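With the hints as extra help, turn the sequences into a complete structure.
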Amino acid sequence: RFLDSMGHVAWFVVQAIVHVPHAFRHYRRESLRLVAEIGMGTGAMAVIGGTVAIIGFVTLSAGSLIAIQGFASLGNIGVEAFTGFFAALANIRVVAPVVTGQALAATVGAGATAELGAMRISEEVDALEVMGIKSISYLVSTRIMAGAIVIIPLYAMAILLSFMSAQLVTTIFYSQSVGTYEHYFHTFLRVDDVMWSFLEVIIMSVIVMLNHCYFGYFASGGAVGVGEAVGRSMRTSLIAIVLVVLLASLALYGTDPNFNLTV
Amino acid sequence: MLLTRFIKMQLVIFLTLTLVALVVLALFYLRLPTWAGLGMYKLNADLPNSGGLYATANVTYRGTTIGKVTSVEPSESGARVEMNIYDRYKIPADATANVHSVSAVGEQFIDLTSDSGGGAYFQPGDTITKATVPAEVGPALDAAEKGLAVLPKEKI
Amino acid sequence: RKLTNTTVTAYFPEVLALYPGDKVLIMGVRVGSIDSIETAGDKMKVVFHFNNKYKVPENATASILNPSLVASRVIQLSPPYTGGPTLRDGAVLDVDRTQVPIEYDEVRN
Amino acid sequence: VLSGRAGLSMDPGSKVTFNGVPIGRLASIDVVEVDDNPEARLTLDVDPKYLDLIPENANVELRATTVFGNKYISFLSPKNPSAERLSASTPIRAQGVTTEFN
Amino acid sequence: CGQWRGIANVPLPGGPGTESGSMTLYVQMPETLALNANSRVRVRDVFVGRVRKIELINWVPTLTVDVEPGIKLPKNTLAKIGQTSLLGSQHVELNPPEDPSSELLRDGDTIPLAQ
Amino acid sequence: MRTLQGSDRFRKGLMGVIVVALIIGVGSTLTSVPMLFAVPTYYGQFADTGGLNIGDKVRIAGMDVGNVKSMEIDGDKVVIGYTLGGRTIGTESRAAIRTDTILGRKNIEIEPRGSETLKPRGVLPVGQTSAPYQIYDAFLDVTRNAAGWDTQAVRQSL
Amino acid sequence: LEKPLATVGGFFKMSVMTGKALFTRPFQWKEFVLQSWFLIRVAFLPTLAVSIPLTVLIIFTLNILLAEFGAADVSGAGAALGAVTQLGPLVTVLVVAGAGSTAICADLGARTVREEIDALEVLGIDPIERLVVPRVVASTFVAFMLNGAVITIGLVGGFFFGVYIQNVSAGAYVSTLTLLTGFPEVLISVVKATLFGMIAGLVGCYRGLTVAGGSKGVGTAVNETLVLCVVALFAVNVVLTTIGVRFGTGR
Amino acid sequence: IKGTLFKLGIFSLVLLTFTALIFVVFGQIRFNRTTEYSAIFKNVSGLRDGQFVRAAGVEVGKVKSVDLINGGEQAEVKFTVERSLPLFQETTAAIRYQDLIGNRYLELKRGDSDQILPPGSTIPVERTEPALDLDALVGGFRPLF
Amino acid sequence: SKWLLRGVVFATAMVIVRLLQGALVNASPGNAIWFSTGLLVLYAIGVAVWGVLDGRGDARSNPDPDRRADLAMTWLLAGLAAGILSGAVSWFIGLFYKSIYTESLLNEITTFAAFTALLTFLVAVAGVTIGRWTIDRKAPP
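Each protein sequence line maps, in turn, to chains J, F, D, A, E, C, I, B and K.
In terms of the entry's author numbering, the first sequence has 59 at position 33, counting the first letter as 1, and numbering is strictly consecutive.
In terms of the entry's author numbering, the second sequence has 121 at position 121, counting the first letter as 1, and numbering is strictly consecutive.
In terms of the entry's author numbering, the third sequence has 121 at position 80, counting the first letter as 1, and numbering is strictly consecutive.
In terms of the entry's author numbering, the fourth sequence has 148 at position 96, counting the first letter as 1, and numbering is strictly consecutive.
In terms of the entry's author numbering, the fifth sequence has 125 at position 93, counting the first letter as 1, and numbering is strictly consecutive.
In terms of the entry's author numbering, the sixth sequence has 154 at position 154, counting the first letter as 1, and numbering is strictly consecutive.
In terms of the entry's author numbering, the seventh sequence has 149 at position 134, counting the first letter as 1, and numbering is strictly consecutive.
In terms of the entry's author numbering, the eighth sequence has 13 at position 11, counting the first letter as 1, and numbering is strictly consecutive.
In terms of the entry's author numbering, the ninth sequence has 14 at position 13, counting the first letter as 1, and numbering is strictly consecutive.
Among the clues, some could well be false.
Label pairs and their calculated CB-CB ranges [to be verified]:
id, chain 1, residue 1, chain 2, residue 2, range
1, B, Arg35, E, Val42, 17 to 27 Å
2, E, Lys107, B, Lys9, 52 to 62 Å
3, B, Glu75, K, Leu54, 52 to 62 Å
4, C, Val79, J, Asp282, 49 to 59 Å
5, J, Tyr200, F, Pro33, 24 to 34 Å
6, B, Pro121, F, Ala143, 31 to 41 Å
7, E, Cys33, B, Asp101, 27 to 37 Å
8, B, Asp101, F, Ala140, 22 to 32 Å
9, I, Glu17, B, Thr19, 42 to 52 Å
10, E, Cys33, K, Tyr98, 52 to 62 Å
11, K, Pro64, B, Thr19, 25 to 35 Å
12, B, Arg35, I, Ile140, 53 to 63 Å
13, D, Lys43, E, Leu118, 40 to 50 Å
14, F, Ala144, K, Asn32, 55 to 65 Å
To be clear, the hints were calculated from the coordinates, so they are not data collected in a lab.
Here a beta-carbon is modelled for each residue, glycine too, at the ideal position from N, C-alpha and C.
So this is what it looks like as structure tokens:
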């Protein structure tokens, strides 16, 4: 049961990983089409921007939350010139990676699970298997390659919009001087942290895509089972995202905090 | 095969947005040229003591930022500081490196003070051998405690 | 926004923890901001601006202030305006008519 | 490291600095009863890269970073540094501890 | 319920003075200076114990202090409530006096208001 | 359903979005509405704000009675308008901008004096108000004075 | 714009009818109990399994940054503030929109595609009163309970992690929790949880009732439900956070 | 539905207990019988309602309210003490800093007299003192510097 | 326009309420809040009465809700117009009259007009529902 399910998902992820070169050398056009579909959404959600718009809105909201709460607390205490120095750190440590992970999970993973479930129910996977095509290599590996290609621009936009929202809220709505914010932002921000955050987000996106493709590829029960598969995949994706970010942050900054203020 | 040209339109607009966002993030927010060392030259300094100076601390000339500290290392005669300074800023050859703290909570940095403010300038790879370090809080606290303790209060 | 507010250049012996965009105060009330800060020989040339609604005396003193332990340092035109000649656009304030905060390391020393 | 008192605001994880630059961190603090008198014993985990640089006769102080901040173990070179280098088997002492605000 | 003095004043598990062999003492302080329970008991400025209860008896505070085993304190040991840091906590210092006595504090012993 | 898919969804959407925007706006400023929470606003003339911000406490006898509402520059003085929360002070009352904590928080302290009632929109004279002595001013004074000391001469004289 | 505005109008009219049915028609206790237990069984283990690592990460980051700052004894204040005003409601948002709202949308879409909604309607029953109202009330109730549990478990786990791993003082953790967190914080957290649950239930029910059938209509409806829930709950969280910090404890 | 009802009831009871525990912890709720007293100060220095009342440094009650008396020249602080703790005629009240952020508390000292103060009595201004008033301390250094 | 007329009437009512509230707060600041609330209640009561009448004016015309005109939209528009007009005219008067408590022009135009419109809309909706339910009983079974 539990061991059998773990073995099945392990076999699925192994077979999806080992077929990445095959899809790279054989299904380039499908990879480009999936890159476009993931970047600009699909269905009724594609008209508003697809994944880009949802990621941007959620990251703007998270940055605004950081700026508002930090500035309020520091103004109540009194040391309110540190706000940027606070916000940056949050955006690199906890908020932006996890938030971008959840939004990417929701949009891209739910879309992938729905598409793969529709293909499974409509016998399109069986159609591919009949035509002598590796269904897993054609579908899951292509999704993984598209996600790996698209994640870096998506997380770059997420980081940019989070920083922009935090700075705008702090220095326009709260009327803080832009020079002080920029000084405390660029002084206490290390590019090493941003690079490691990008690595975390890349690994997290790969895991999320694998999980959602697993849940959507083996869908069953007609059109009704697709929604249940989407829900279960979302739960697993949230758990995996939070766990991965926690483990990575514990590993990187466990001994060396990479932050100096005092002597 | 395929090539609907609407997928192509989505791809090209996504690529344009990607390039714009990546360039803006790299330049105006991450400051990748500053981190890598593009457009800056390397300088060194010798200190009797670090004075709390740390890597990535600001390098200043009379308080304004002109570079960043790359590394601070222990040495036999004190501390060795390696920093990068923007090539648009030239410091005089008689300058002194003063470690400083912005406020009572921390934020250590290093300032380059030159009384003359002209003449010969340092060349990349050189070292500043004259430096000063602020008085530590601990010795001041000890001195204040002893000076207040030696007073006979009954005599007061 | 050019010519809408008066721009004044001042020279300071040292400009620490002051950045472009920091507020300019008159009697503690914001009236403008700071445009740029650059090195001028052994001095430091700070160009700032204040709203043209408020008038400033011609013999004003631009003093850099640190309001609290952790705050954004400002430039305050210390003598309030009570009449007479006013500070014109493009004026230059030398080191004699400027002030600098005390700094924590000087206190320790 | 042995001292008369550990000093307030000195908990495990405090920086051990030589010449003002960290070389390690404080691992543990304990109370040792020597000649019917309690003393503070500090175990310092220090990177062996700088071990060959610190002289045997290095001055040790439990100095204070700031008025609000914590304390740190400061190592300095004496007037006549010894040729021998410190190690795990070398007993060392703290010359002074900064006075507390109390 | 009736004796609920707050989340800050409830004893907490773990830490020195909570394991087996820890000795319990009663310190009769003139005042506590708003000291909360679970604060640190320091010998030679080393955190080696915890204060359990700060109940007030006959309008003179008494503190229940648990210290870890292996610590010797003379009967005339001085107790002093101090501040750990300016923006931080408080603590109870148990410092030996200038004239230590042969007899030591045992479990349940009391440090009077004089000390 | 038939009801959900009716041909009246546009008007429903307009009405609903307007209602939601109104609810959000009311929740944002439920306390700042003048038609519900209105108190008389008094004024004072000061030499300097002294780091005072909008919304800082105004306290009588140490207990909070209101907040600071506005700060404007009026000629040689600064006009600071505040509220007393429905309370009444005399025309002889004295206001004092004062440092609250070491981190720089400021607040106004009012000492009521006299018998005449201070009418709404009344202005305290500049002679009845004082500005704080800043902590950085104290540090500047003591450090600049100590810098010029000839310590050897002082020790020899003592 | 006209089509999304029409969909929004349909959602608003459906919610208004749900409120009218709640305040006028008799309440369905059996269906409310069943939906409450279903939401609990579908979104209890995930909410804890997401809250524990997230709060451990936040505590670790705060502790290391403060220890380098020097003020490691004030970690409890930031811990309590973050856990009460943000972490609780946000974990509630994630684990409710992902699990309960999607399950409600899937169930109502399954009823719609199987003509069970039509079966109820031809019998003269209004399906809104019998179905939507208990589900919205159950969503609100479960969101409230889960928010409380998430805050409590997060605080306890943060205490244990900080004390037994990073060797901070327990007394500083427990005595600083109330330094920045008070009645306004817990009140605004409760308001956030209630509104989040109500909005998630309404969106899930509305998307489930208006499924498109086909072979991908249910999955598309669930995905749209999830996206709309995330966006709306983040916007509401921003608004309520602004409102709450206006009534701050420290000010 | 009976078993489902029992499970839902048990889970709801436990999680509402957690919510009530949160409310008690962060609202500073006490469940002790208290007796109400009053005190008069010239300046209470930022004392607010709900801040603790301490006898000899040990918490024994809270502050019910503060109001202005004698035209605002004085402040009457109405507070509560533990019912088991009797005040006396020489009991004095002070207002002490809880920290450097601005939190205060009320401190009670027993005194020497054994004459029990009857409940509801008011401690006069003759034996009440304010807090530090840091602004006065800073301004007193001006002539010295 | 019905909504325009209702908005003008309620804007005039809100201006009168603001003037009376300002006078009462200036006279007796201690009870000021109470006075405001009282006046607000009066305002609400007025709206409620009209709403009830409007409900009857709908429920007599059509025996079923589907044939009835949507009064909620009309009352929302009337409340929004009343709030906007009242805020604008009160801000205009406040430039020459210091007794009123008026904030900046943008605030009175948007932020407090939102409060006025929301209160008017809720009271009017409750009144219309009560008025329709008044003779819903009288309708034949």
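Against the structure, the hints come out as follows:
no.	hint	result
1	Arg35/B / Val42/E: 17 to 27 Å	holds (20 Å)
2	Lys107/E / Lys9/B: 52 to 62 Å	holds (59 Å)
3	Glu75/B / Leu54/K: 52 to 62 Å	holds (56 Å)
4	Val79/C / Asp282/J: 49 to 59 Å	holds (54 Å)
5	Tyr200/J / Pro33/F: 24 to 34 Å	holds (30 Å)
6	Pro121/B / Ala143/F: 31 to 41 Å	violated (54 Å)
7	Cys33/E / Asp101/B: 27 to 37 Å	holds (29 Å)
8	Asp101/B / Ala140/F: 22 to 32 Å	holds (25 Å)
9	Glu17/I / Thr19/B: 42 to 52 Å	holds (50 Å)
10	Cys33/E / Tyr98/K: 52 to 62 Å	holds (58 Å)
11	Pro64/K / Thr19/B: 25 to 35 Å	violated (52 Å)
12	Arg35/B / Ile140/I: 53 to 63 Å	holds (56 Å)
13	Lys43/D / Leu118/E: 40 to 50 Å	holds (48 Å)
14	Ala144/F / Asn32/K: 55 to 65 Å	holds (57 Å)
Checked against the numbered hints above, the structure breaks hints 6 and 11 and satisfies the rest.
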